[PDB]
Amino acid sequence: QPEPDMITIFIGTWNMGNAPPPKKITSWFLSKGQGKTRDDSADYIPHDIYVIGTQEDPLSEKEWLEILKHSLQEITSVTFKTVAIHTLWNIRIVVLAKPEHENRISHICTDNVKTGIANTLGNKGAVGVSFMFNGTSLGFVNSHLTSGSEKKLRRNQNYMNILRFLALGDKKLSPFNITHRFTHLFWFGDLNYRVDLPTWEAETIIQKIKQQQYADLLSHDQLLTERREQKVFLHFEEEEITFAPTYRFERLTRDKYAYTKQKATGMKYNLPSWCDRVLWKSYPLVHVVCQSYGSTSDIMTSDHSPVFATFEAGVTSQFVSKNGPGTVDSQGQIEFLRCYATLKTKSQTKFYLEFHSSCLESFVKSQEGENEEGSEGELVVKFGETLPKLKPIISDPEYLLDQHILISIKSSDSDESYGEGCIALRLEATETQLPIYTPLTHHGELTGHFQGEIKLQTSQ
């Protein structure tokens, strides 16, 4: 039985509106409805992993697991295994996997983050799951962010609290938040970003939706505009949206958007919006392809429609050589030339680098760089030719070229990371000086850049 080099992953997000689901929800898991939908010829093919995020979920974990498992069994004739389930209030994530994957999955973590303070603490936040699939780390986040058209800044704040405080993946990666801990990170949920148009334009918006003319609406979508302006979800991807707004519907039909202000809405309008979203961030030069992104048309118990997304995701095998793991492989090395960090900090401390990677027996600290001033005011930390030679555990190029090096630039004074980034070893050549680059972020905000050259020696 060969190990896979690619799996498919289903992501669902559904705000259930505190109502039980209808008797049949199979269209969701089949990626059928509006948008980028899955070919009928694939309907009996199971995805490898199904990750289901709900919000406003009224069901017990047991109730929902029985619906999900019976749904997938009806579709695929496979009895899925439960990898993990975690619930914060009415926000839930379920991870299900094909039985053949049970021994490939390990290091399962779950966590939650509650957002807001006093007033604004009590129902919004995120749940998440991580695990290893053979040699590949996978992370999944289901968030229900602050509601209301005039709270986009709060949503952005909720996002930063979630990525700072959600404790998933390898704790040894102490400088790194969830946006650096995983080969593939999927973040989805009722993110609650709205189409920012005047209230008076409500019937015009509905007209456009009925004509399937989304362009003038997506240009006002707050998540797209906040992402363009680098306010949120920096360095994540989202597939093009080609499905109607998923909120806010009258229940039991999809023929009507309920947008007008009511006591029950706090006297707020709910203009039709793409509240329900799936984004991802994968390490550089790893295969990840979105093969569906859309909404169902036939599940109408909630004021939201479910959203699906599916992905091809590259994965690697759990490599054993005669040498590593449990020692170094002397035929392997990673070298760095002409390297420097450019930082936005207004502070003057010395800095050093830390290199983290599962291809190393443990993380490596550099010497301090030499600080200089850039021509436009910047701090430039020069490492030149001074960075250490990294000694990987395995030298085989079929392993090493699939690996990544995480970099943190840390203050000598405080040992606090000022920026984090990631370099792929998927090079065009070995034993050859090649340019490398990563942006540097901290708390998911851009803080600088790291650039230079790499020289990678493998056993070939």
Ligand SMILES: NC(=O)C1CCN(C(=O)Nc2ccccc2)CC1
The other form holds:
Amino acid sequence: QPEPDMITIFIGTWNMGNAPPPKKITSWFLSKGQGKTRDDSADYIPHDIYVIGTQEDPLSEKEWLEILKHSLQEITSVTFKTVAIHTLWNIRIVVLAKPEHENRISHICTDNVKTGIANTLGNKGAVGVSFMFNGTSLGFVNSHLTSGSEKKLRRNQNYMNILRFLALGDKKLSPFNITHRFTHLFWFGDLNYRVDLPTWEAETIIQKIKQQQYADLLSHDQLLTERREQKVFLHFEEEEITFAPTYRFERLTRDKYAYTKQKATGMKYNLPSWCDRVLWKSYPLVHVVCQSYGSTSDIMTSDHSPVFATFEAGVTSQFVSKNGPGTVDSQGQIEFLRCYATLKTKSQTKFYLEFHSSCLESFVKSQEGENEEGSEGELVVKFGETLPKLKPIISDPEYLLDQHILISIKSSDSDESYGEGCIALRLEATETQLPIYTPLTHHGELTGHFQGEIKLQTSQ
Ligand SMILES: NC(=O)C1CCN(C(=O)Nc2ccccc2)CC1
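Please could you give me the other form, the form solved in complex with the named molecule, since above is the form deposited without the named molecule?
To see the whole picture, the full complex is given below, headed by that same chain.
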């Protein structure tokens, strides 16, 4: 039975509106409704992994597990294994996997972050799950961010708090937040970003939706505009939206957007919006293709419609050689040449690098680089040809070219990271000096750049 090189992952996000679901929700797991939908011919084909994110979920974990498992079994005739379930307040994440994956899945982590302070702490935040699938790390975040058209700044702050404080993945990757810890990261939920148009335009917006004309609406989507100005979700992908806004509906139909201010809304308008979203971020040159992204038309218990997205995702085997794991493979080495970091920092400390990778027995600290003044004010840290030679555990190119090196640049004075990034070893050539490049981030904001040349030696 061969180990896979590809899996399909289903991501669902639904704000249930504190209402139990209808008896049939199979349309969700089949990616049927509006947008980029799944072909009929695939309906009996199970996804390898189903990650279900809910918000305003009124069910017990047991009640929702019963509905989810029975739903998938009806569709696929497969009895899915529960990998993880985590619930913060009414925010919930469920990971289900095909039974043949049970002994491929290990190192399962769960965590939550509560966002806000005093007034604003009590119901918003994120739940998450991470695990290894053979040699591939996977993380999943379900976030319910701050509501309200006039709170996109709050939403961006909620995002930065979740990505700083959600403790998933390999704790040995201590310089690195969840946006660097996984081969594939999926971040979904009721992100709560709104179509920023005047309240007087509501009926015009509704008109535009009935005509399936979304272009002039998406140009005002706060998530799309905030991402374009690099305020939020830096270096995440989102598939093109081709489905009507998923909020706010009158319940028990989809024929009406309920946007007018009411006591129940705190006297706030809820203009039709894409509150309900799936974004991802994969390590450089790993296969990840979105195969669906849409909303259901036929689940109407909530003022939100469910959103599905499906993904082909590249996975690797748990590699064993004669040598590593348990030693180095002297036939392998990773060399950095002519490397410099550019940092936006005003500080004057010395910097050193840390190289972290599952292809190394443990992380490698460099010597300090040489600080220069850049033309336009910047700090440029020069490493030149000083950087330590990295000793992979396995030299087999079938392993090593599928790996990645995480880079942190750290203050000698404080040992704090000023920047994190990632280099793919999926090079055009081995035993050849080749350009490498990663942006550097800290708390998921741009702090600089790292570039140079790599020279990779493999057993071939
Ligand atoms: N949060 C909990 O109560 C857990 C959830 C289920 N579980 C597992 O071990 N699930 C599992 C592990 C590896 C591969 C496939 C499935 C034990 C208890």
